[PDB]
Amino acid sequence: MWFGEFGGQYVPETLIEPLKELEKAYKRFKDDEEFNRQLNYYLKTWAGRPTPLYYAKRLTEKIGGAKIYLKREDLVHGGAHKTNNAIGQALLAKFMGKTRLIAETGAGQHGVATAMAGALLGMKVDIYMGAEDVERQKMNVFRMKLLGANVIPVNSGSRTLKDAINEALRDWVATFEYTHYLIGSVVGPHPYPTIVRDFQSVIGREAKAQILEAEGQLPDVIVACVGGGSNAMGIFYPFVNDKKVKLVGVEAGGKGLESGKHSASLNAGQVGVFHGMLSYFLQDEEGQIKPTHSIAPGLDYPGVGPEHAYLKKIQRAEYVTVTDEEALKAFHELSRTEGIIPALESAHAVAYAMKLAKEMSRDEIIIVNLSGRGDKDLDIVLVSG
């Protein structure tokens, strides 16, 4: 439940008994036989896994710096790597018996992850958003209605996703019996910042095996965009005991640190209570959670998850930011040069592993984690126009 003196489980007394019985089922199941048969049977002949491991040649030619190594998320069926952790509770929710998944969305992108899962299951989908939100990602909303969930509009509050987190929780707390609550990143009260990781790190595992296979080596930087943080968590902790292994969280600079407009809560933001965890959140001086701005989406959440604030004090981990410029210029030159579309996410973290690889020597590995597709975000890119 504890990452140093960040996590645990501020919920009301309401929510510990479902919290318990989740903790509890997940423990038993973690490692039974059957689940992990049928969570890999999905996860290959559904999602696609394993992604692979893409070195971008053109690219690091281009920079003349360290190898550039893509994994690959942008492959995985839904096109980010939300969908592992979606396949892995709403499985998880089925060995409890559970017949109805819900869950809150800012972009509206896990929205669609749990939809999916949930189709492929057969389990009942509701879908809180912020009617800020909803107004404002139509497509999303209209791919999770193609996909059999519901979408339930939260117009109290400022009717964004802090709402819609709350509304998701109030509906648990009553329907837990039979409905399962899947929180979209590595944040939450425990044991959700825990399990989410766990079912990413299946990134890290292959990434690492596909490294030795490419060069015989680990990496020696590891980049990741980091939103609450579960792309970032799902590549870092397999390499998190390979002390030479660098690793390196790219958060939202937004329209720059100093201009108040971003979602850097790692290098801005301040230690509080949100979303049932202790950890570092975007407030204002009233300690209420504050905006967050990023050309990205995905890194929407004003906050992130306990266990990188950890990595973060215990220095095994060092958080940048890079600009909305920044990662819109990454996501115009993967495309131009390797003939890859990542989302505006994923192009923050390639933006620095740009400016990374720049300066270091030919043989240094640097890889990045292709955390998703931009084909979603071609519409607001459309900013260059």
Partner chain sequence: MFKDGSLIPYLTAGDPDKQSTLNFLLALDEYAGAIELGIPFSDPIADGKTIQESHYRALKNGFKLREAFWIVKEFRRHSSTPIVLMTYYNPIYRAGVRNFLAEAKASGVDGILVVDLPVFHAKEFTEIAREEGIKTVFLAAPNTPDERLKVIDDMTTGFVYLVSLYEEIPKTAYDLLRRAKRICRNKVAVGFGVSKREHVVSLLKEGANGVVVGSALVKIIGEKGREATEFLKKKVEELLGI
The other form holds:
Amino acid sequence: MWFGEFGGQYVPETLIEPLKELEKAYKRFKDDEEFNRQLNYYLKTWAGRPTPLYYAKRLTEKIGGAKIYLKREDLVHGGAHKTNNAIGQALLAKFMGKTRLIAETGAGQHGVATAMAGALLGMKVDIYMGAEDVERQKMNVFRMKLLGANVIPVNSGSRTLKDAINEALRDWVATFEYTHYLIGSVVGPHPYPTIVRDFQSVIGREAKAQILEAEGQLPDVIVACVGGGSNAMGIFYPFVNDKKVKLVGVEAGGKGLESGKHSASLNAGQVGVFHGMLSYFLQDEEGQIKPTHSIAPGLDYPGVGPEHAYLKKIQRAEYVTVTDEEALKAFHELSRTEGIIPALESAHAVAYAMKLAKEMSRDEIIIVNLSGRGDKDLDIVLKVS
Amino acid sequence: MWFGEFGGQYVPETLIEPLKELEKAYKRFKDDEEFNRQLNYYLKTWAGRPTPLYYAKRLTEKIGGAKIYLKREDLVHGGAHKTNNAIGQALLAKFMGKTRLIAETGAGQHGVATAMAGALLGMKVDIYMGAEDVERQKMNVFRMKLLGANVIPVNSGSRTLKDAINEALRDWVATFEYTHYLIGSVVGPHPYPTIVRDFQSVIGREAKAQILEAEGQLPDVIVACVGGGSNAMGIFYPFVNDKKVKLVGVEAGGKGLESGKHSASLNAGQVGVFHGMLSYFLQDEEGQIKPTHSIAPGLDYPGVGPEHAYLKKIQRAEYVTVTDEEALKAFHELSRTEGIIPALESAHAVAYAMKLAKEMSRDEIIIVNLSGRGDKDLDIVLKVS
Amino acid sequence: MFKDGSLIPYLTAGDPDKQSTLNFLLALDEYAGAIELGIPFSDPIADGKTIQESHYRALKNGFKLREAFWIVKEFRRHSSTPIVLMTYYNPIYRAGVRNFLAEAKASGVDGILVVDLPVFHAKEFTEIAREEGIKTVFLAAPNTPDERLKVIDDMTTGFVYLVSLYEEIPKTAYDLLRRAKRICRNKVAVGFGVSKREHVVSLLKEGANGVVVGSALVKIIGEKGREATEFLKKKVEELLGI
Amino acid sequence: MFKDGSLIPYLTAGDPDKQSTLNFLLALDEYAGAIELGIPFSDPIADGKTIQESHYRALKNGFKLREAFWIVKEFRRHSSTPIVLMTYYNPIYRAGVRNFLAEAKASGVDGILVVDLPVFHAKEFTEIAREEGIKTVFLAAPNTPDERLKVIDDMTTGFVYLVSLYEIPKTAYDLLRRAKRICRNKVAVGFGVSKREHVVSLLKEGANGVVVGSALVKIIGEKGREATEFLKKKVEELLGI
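Alongside the form deposited without the partner chain that was just displayed, please also present the structure of the form deposited with the partner chain bound.
Entire complex below, previous chain first.
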């Protein structure tokens, strides 16, 4: 449950038994011949794995520096890496004998993923969402109802994500005998940070095979965006022992670090305990969660996974920021140059990769983790542009 | 040129020289080692090829009949089979030494497909669009622009698709020395109908290999939707010499054939000569093109490919219709049941497949060509629901 | 099939209605050595913007195929000026090739140009046209090679119709004419298309047997409609130098 | 750490302001055997809707940690009723465990419950608590097995605080039954009491104290600065007077 000093299981006694059941269930089914056979069947047959590793020939020539490969997670079913974890946990829940999935969502991206996975394996899906978020995400809400899920608007307090979390946890505490709670990222109490990483590790395994196939050697740098950490850990983890490979997590710089409107939890946060984990969080003088901002909705989260805090600590991974403006240029630049419309979360990774590539030799190799497609971001990008 | 009595090259003398240079160039590069090596490189790394063959285990068991596999073209880059042809013709244009692509569109899906492939291969891209269609398809116009193409609105005449075709063809006659005209379906004058099929035959070649791998045998039936013919012909062609396999084209029944608000060209249209091809067209008493309708934008086309007309005559393929209500019922059904939100075009093929499964035993097999994802169709489906 | 140095008005049939077209034909007859009459069509691929509009004006006004033949039958009561029928292949295909050309001949039509029927697809059409006493008309563009132009000429029994690709007569259009006069045995008419007196005199001087006038005339029919007659005559008078 | 048969009011500090919380405590002190005082937190993942709202209210009006201690210190000028501080771990973690507990003791805090600090992560907390003169409160739920409930009891030096998963649930009386059977420590119940029937019934089944939170904070939520008299009427109802 620890990653160095970070991680843990800082929850009340009401949530201990459901987590201890999940620890046990993961332990037996994690390396089970039949569990992994089913997981790999669904990932291949339903999700479309493996995803290709694409050489951005035009983009690298433009920059004039290092080679830039995109790990095309935009091409998985749903349009983001989140499907990998959605299936993984939903299948684990079915192997536990659960008949129902619950989760909570802000932007709706995790709600859609959870609903899709529940639809596949034939499970009841109740998704808690803040009443503010339901009006904001008209189209994501509808998308969940198409997939057989039903959204529960929570009308108390802030009417934000945080209020939906509380409703989801109160619901799990009472229904855990037949219900599994699905966490979207490498965050929260143990065993969720390890479970989610393990279900995203496919990205890095595939990418390592693919880069050895294309280059005959490991890459010099790997760049990936970091909100909670999910996609970044998926691609990072298999390269952690490869001393050559530089790991660069890219957080939301927002309107700039001087402005204070961002979600760079690793760059500008303090270590604290929220959401059941000791990790980095963005907090005020009094040690309360601050409001965060990012143009990319998936990066708008004040916390960060405890494993990233650990990598930061021991200096295995380097963590950086990219502004709304910079990510937006990358969004446009990749669409023009490679004919790929990246998700605004991924555009952060692409944006930094492009800066880094200019300063590197033409024989060096960068793998950018293109965490999703940006069809969902067209309403946002149209209004701003 | 011909498929039985259908097809041809019925265009004015102005368009003969451009078409003959395209004939010669296709005959040159079609079986070329380097053209095909590059084509499969882009299909693999960029497009995400191959796509998986999904077994709809819950949809088959709910129906309680024949097995129902789905060819997952929804997973290709761009969310639709169209990308296959778009890359093929764009690459062909590049090998011909052309710097520019032109096309026209109504719904916008083809205009996006062309804009994507052009951006990939460094081609300049001008799309012609009817100014009414520009007003409807705000988001596809924006998508094209993001992808680097400039959308040229034509304000002459009706301001609809056929006015854009005229403007596009006039431009080609002038600029064909450095410009390729990119037809989006198995339609129009030779060589486009054979060319588009060939670039979509990949779908059938994969499906064949994949169903043998899964079941140890060829399918009993193959079901696919038919607007112009592109996707259906792509999955059909490699099974044309297999006498076992039945081929079924699903046209747009719309609001019903008795109501006259359909786009089923084969089932209730007469043979004629428009757009440079002898084929089935929806015409009035005077032999002029009647207005067409379907809820799925991609099926709303009065013509159909000449090769489908040929397969209809020789009875190598059955052809049927499905109503807007039934496609909507299938759109919702496949979403709830399998976690896959199909395109409204594909939902026609699914809707018929669901019927045909009831009249076949549990050991018999159906392959439905799931031509695209329905993220594009959510506004349309939200309004009617 | 027409007097050298002739002006050839092109009108679209049933634009705005069958009677109004006949009125224009009767008004323009004394200025013309021959006449082209277009048959409306939903999807005209070849034609430019001005003609394209007139196809839609005619079909929005409820044009029937029979009414094209009615104009020529009615026009033949007053005149023996050559009529060329300009159409797409669908109406011919639909009715039957012998049936269309016999009914056209019977109406009093001398020539026919099938716009979207290429030279290689016209073997059976030119064979039946001779049999039915209709003279064939085939068009050529600037991008038409010398090889194909000979074939176009070989199959033409009326006149070869030269056209430019899209102000002024383009340099490329005069190159097509000069080549055609070297190569073709048939008479040559040119739709380049014309708007001023300098253009007509120049084209005849460089060997054009006929100068066709479409867009200048149908643009007036677009503006004026039923009331176009007098403005058409004034325009033709300008082009003839009267 | 309180007289048997007692009623224990739970209030969130700084809801709606610090002066109001002190007024409420002073007005309720004659009715109470002990008091729980909640420390506002941005993301309180345990608490039910009515308490959750009070955290939102108190922080919206600019509550600060030093104001909780001020309330306990100014309350101690009049009363020596046991105070139990109810907080999440992050205030303790960021200040330093000893620094927090020392400052809590100086105000006159008698006990402390760290809501989101499990038993297996509290080996150090209980140790320093004892050294700084502060008693520990740990909570048990109905799903808590008999193995942990003993370990919970062993680490508690004040009282075990029983809560429910959700008139009063059957599953909640089973927890209380088991607790009195297993625990050497005293037991306070926080099962969501709203009426007199419940206070009497829970004292009858052996609860040493009955905590009253939601019923009082609902009133503070409705009335604000003017809650004092409505709180008294509610506490009088629950005491049956």
